[PDB]
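Only one protein chain is missing; all other protein chains are in place.
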Amino acid sequence: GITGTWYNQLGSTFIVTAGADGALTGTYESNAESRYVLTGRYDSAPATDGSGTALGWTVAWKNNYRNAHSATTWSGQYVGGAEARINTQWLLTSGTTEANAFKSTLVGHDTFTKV
Amino acid sequence: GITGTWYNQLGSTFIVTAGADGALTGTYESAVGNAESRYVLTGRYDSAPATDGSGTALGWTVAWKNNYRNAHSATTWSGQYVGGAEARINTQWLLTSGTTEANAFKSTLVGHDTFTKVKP
Amino acid sequence: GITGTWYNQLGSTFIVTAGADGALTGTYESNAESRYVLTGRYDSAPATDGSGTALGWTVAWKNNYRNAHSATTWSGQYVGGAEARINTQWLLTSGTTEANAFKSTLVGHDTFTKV
Partner (left out) sequence: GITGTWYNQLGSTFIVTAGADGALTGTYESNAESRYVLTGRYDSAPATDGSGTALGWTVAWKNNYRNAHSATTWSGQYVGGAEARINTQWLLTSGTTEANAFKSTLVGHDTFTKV
């Protein structure tokens, strides 16, 4: 159920392939200037008790056209079914000097759907 | 640089290779939790950091499943590498477990890790 | 604005009083055994540009009937408007031995509405 195209509410889009041995590979877009490589991992043998599938992935926001000197990680779970969704929490860290490290990391949450 | 063997404050080991293309590949062995042996890791880093003394942003994921066991969970580390006298990588991390919908509210642990090239 | 009775996504009720110089006082429930004291602070002089009102509160999960040996803090902002809402992120810390400190804190998010 994970392989495919996913959308959040802010428009953004991500296309992933969930390989056989837990790999997650794909791209994240918000045009070419807006596409970034993603890579992650997921639990390739989840429970069957009704639990979701744990996964995670990272995007460093540099492509051949841009560099924000930052990286986001999303940690969450795939919830299959008719309203399949991926519920995540994320951390965005920015390259900062030591003096400003205390405010280098933003936290938030995102839900992705197939629609 | 980032490539090498790193240790966190708890004795966990992170062996990583920083590719040319912003890719991070390696292995992680955790000292704590529902873990055993090495786990595959993958991530990304900024391969063209700023000059001003800023650190290098990076992140990576481990799904806690190998041939020995499966914890049904995954951890993502988000942070930055700071080179120099004592090189170090400072991170914040999110550990998400597979749960049913009713317990999704308690599925995610949050913490911070410091990695260094010398074992503590 | 902030003063009154609020509800989250899950059926918990939060009754607050917002005081003239930034105190937040009240109770958090989910009967009496599920009733706990909260306290916090808010920006008593927000921006007039459209931004929300920053706030936070804490609940320790001890009352006369129960003690879970833990505390939750909510960090967020009130938004006045169509549906007045409080959007938050929370941290729940459990008292642990230092061997288990790594697993002591959960993170999540909640949205409160007067409905």
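A, B and C are the chain letters, set down in written order, and residue numbers restart from 1 in every chain.
Throughout what follows, a residue touches a chain if its C-beta (ideal position, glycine included) is under 8 Å from a C-beta of that chain, and two chains touch if they have at least 3 such contacts.
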Given C:15, C:84 or C:101, the correct residue touching the omitted chain is C:101
Touching the absent chain in the whole complex: find that residue among C:14, C:74 or C:112. C:74
To test your reading of the contact rule: which positions on chain A touch the chain that is missing from view? 10, 91-92, 102-103, 105-108
Where the missing chain touches chain B, by residue: 92, 110-112
Hey, which chain C residues sit against the chain that's not shown? 22-24, 37-47, 49-60, 62, 67, 69-77, 79, 87-98, 101, 104-105
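The working rule: only the chains that are shown with their structure count from here on.
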For copies chain A and chain C, the superposing rotation on Cα atoms, rounded to the nearest 5 degrees, equals 180
Mean-CA-position distance for chain B and chain A (Å): 15
I'd like to verify one number: the distance from the centre of chain B to the centre of chain C, where each centre is the average of its C-alpha atoms, in whole angstrom. 31
Nearest whole angstrom, what separates the Cα centre of chain A from the Cα centre of chain C? 28
Which residue numbers or ranges of chain A touch two or more of the other chains? 89
